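First comes one chain, alone, set out as structure tokens in the form deposited in one PDB entry.
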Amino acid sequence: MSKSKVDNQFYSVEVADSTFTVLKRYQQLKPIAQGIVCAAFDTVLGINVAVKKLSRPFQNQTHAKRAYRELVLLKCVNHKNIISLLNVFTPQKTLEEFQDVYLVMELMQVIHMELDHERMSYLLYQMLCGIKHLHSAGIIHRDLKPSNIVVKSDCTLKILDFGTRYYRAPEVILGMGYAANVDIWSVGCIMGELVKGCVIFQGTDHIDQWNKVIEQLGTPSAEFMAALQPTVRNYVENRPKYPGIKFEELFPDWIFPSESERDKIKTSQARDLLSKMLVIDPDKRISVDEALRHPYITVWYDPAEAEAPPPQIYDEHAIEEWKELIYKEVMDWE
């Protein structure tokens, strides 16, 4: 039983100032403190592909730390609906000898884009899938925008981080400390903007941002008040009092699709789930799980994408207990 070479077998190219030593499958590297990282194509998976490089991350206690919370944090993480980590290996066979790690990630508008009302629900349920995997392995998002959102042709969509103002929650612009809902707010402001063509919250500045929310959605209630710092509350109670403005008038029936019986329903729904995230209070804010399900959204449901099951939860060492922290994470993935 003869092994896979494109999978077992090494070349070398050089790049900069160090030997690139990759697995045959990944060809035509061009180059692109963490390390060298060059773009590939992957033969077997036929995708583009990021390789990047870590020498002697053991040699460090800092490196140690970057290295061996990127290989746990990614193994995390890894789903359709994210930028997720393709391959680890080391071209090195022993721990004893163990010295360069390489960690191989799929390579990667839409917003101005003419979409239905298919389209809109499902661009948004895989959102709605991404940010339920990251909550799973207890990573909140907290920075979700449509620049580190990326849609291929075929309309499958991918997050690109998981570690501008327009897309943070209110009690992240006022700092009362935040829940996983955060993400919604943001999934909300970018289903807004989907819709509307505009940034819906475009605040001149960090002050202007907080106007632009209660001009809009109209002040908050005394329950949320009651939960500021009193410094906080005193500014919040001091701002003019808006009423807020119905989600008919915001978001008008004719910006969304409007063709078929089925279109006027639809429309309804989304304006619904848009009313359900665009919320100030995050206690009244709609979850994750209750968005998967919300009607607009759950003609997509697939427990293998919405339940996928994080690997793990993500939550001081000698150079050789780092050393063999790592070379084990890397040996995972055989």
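Take the two forms, superpose them, and find the largest set of C-alpha atoms that agree within 1.5 Å; that set is the rigid core. Residue numbers count along the first chain shown, from 1. First, how it differs from the form deposited in another entry.
- Residue shifts between these two forms, rigid core superposed: of 67, 286, 292, 280, the only C-alpha displaced by 2 Å or more belongs to 67.
- Core-superposed comparison between these two forms: the Cα of residue 53 travels 2 Å or more.
- In the core-superposed comparison between these two forms, the C-alpha atom of residue 95 has shifted by at least 2 angstroms.
- Annotation: Cα of residue 308 displaced by less than 2 Å between these two forms, core superposition.
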Given for the second form:
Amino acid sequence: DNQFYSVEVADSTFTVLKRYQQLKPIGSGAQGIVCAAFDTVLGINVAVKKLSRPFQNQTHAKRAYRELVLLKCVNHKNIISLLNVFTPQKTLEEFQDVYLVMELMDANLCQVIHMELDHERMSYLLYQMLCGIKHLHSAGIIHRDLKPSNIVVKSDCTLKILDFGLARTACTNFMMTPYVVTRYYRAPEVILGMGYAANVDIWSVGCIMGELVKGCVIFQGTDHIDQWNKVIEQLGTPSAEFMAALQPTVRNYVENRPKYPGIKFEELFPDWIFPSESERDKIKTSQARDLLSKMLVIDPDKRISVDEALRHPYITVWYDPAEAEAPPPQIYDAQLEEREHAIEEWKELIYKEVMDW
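In place of the form deposited in one PDB entry, the structure of the form deposited in another entry is requested.
Shown below: the chain alone.
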């Protein structure tokens, strides 16, 4: 051996390749622990996620296996890409821990929202988000949890989408980065229990987009019921056509709420909150608002697609087919994940996935 060394991190032990130095805990939960580290070989800072014996039970096992498999299906600069996957254990019989390495970014979108962004920066961030989303969707992956804390950035305005769910509990949780609840970013079709398609993510991008402008959460409801009130208060009561797709109980609840005409987007998102130094900013403001009005549509059938959004005048200035059309290596298949496995089998599946990386 002599490849691995151990360090005390949290209430645990990180046994990692000697190339990873200066480990500092930055995130913790029941499903995983993330440290910042310096990669001496790459000469860069990295983030190392430890999954501690992910096979310990059925819930942990399926989540560890799903993570490894999902990350196997993606290959895009605007999505988390693994620099390394390893285990310090040498055989299956003794296999215990899995370590995932990614590039350390500078900040998450939470820390970007209350900065003075211009149209060029805003449209570029949005462009990258859309590129990332398009890649995921073509890989058969709906994120479902697109929110500012799941989006990471560097000082050059480059951006990546990830999923920093660690199944956090009272004892386990610790964060060196801001967190925000998913609720504010859930599409109405999710809220109302409708069953959904990939464009739930487009709704989330519109919420994120609006927040980048206003500096405040767009639909800040106290709970899932209240989210709906905040949606209709601004966008207005949805169509009978939309309500017809609801289950009878949810349908009647929705029909019982006060009727709202909806606020004009020129009024919800006024010129003054946008950059306006030049005549060209005025043009860009109109484009941004138009794109916003097409993402924040209650009915997913009437909501803009990622394809259309990438072609929108606000976004298309950045369009490069090498980025916005890059295909994923394969489409995610949930078959082996949704198979039932004894713990020993999950152990071997996860093991093989690591050794194969």
